[PDB]
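Before any questions on binding or motion, here is one chain by itself as C-alpha cells, the form deposited without the ligand.
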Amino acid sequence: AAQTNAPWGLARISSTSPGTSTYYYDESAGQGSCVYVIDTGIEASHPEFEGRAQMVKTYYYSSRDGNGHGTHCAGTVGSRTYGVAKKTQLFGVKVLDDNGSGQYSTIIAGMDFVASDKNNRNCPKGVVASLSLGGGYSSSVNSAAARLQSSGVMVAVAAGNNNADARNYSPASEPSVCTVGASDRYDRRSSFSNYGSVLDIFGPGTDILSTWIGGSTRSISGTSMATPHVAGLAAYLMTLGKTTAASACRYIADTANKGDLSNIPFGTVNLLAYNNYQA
C-alpha cells in the first residue's frame, strides 16, 4: 500500500533515502496487534482513530487527554493518516496529568497494569507498549519496564530530550527495553535527542505531524515522537509474523538503515528504524 503526501517520518520509515513523501507498507497494517500508549491519555473520539482507540485506565479524575501529548503519540502509532500501524488497536493508560507530569509510583503502577491488562484484550498478533516519558535514573522505574517487557510486551521508551547520555534517565536506561532516539528529516540527530550506548534505535522525532485534542492536528518535536514510530513499527512487524515482542527491538536494529545519520556520537548506534517493505 502507498499513502501519498504522508508525514515525512512515515515516508522515512519505509525508505532507504531521506527526502521522499510517500509511505509504503503492507496492507495488514498491524491488524490483530495492540499498542498501549502510556501517557496523558488519548482522545479516542478523534476521527483519525476510527473507533480503534479506547481508554482503559486512568489514575486521575478523568481518562480524557487534557494535554494533547498522548493523543499525538497515539496518532503516530496508529491513526489513519499519521500512523505507522493503521489498523492496530490502541489502548490508553493515563499515568500523566494534563500538565504532562506524573509520579514515578503512578508510572510504575501503569506499567504493571499493562502487563496484566493485556490478558483482558484480544491481541493475537502481539502486544506493544509506547512510553514517551521519563525522568532521572530510578532502578524501580527500570525494573517495572523490564517486568513489562518480560511479560511479553514489546516496550519502546523515549531516550529523553536533554542532549545527554540516556544512561542517567529512566526508563531510557533499562537495557532490556527498546530505547529510542530522535532524528530529523535530513537524517541528522535531533538537536535535543539523548544518546549513548543504551540507545537501540533512532526514529523520526523533529517536526512530526500527528493528531491533537479537539479533533485537531499539529507538528511537534521530541524523542516522545520518535518512540511511537518504533512502537507502531513493532506492531506492524509482529502482525506480519516477522518478529515477536521479545525479539522485535533486536529485529528492528537488525533491519535498520545503518550509518545514515549525522551527528551520532562515537559509541551510539547509527541505526534508523526501517520497515523493509518491498512493494
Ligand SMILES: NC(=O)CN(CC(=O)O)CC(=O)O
Contents of the next structure:
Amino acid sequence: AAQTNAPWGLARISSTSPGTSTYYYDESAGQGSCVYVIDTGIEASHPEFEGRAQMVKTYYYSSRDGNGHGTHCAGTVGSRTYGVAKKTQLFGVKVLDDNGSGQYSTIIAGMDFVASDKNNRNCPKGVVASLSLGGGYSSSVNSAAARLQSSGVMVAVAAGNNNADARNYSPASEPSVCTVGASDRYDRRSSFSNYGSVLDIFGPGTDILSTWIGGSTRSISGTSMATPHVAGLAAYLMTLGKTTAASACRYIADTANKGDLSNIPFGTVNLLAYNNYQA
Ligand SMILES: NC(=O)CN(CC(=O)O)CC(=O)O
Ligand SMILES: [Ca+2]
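Switching conditions: you have the form deposited without the ligand, so give me the form deposited with the ligand bound.
Let us now look at the entire complex, which starts with that chain.
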C-alpha cells in the first residue's frame, strides 16, 4: 500500500533516504495486533481512530484525554492518516493527568495493569506498549517496565527530552525495553533528544503531525513522538510474522537505516527505525 503526501515521519520509516513523501507499507497494517498507549488518555471518538480505539483504564476522575498528548501519541501508532499501523487495536491507559504529570506509583500500577489486562483481550498477533513518559532515575520504575516486557509485551519508551544521557532517566534507562531517541526531517538528532549507550533506536520526533483532542490535529515535537513510531512499527512487523514481542526491538535495530543521522554522540547508536517494505 502507499499513502501519498504522508507526514514526513511516516514517509521516513518507509525510505532509506530523508525527504520523500509517500509512506509505503504492507496492507495488513497491524491488523490483529494491539498497542497500549500509556499516557494522558485517548480521545477514542476521534474519526481518525475509526472505532479501533478504546479507553481501558484511568487513574483519575475521568478517562477523557483533557490534554491531547496521549491522543497525539495514539494517532502516530494507529490513526488512519497519521499512524504507522493503520489497522491496529489501540487501548488507552490514563496514567498522566490533564497537565501531563503522573506520580511514579501510578505509572508503575499502569504497567502492571497492562501485563494482566492483555489476558482479557484478543490480540492474536501480539501486544505492544508505548510509554511517552519518564522522569529521573527510579529502579522501581525500571523494574515495572522490565516486568511488562518479560510478560510478553513489546515495550517502547521515550529516551527523554533533556539533551543528556538517558542513563539518568526512567523508564528510558531500563536496558530490557526499547528506548527511542528523536530525529528531525533532515536526519539530525533532534535538539532535545537524549542520547547514550542505553538508546536502542531513533524515530521521527521533530514536527510530528498527528491527532489532537476536540477532533483536531496538530504538530508537536519530542521523544514522546518518536516512541509511537517505533511502537506502531513493532505492531506492524508482529502482524507480518517477522518478529515477536521479545525480539522486536532487536529486529528493528537489525533492520534500521544505519549511520544516517548527524549529531549522534560517540557511544550512541546511529540507527533510524525502517520498515524494509518492498512493494
Ligand atoms: N511530548 C514531548 O516529548 C515533549 N513536549 C510535547 C508537547 O506536549 O507539546 C513537551 C512536554 O511534554 O512538555
Ligand atoms: Ca534496550
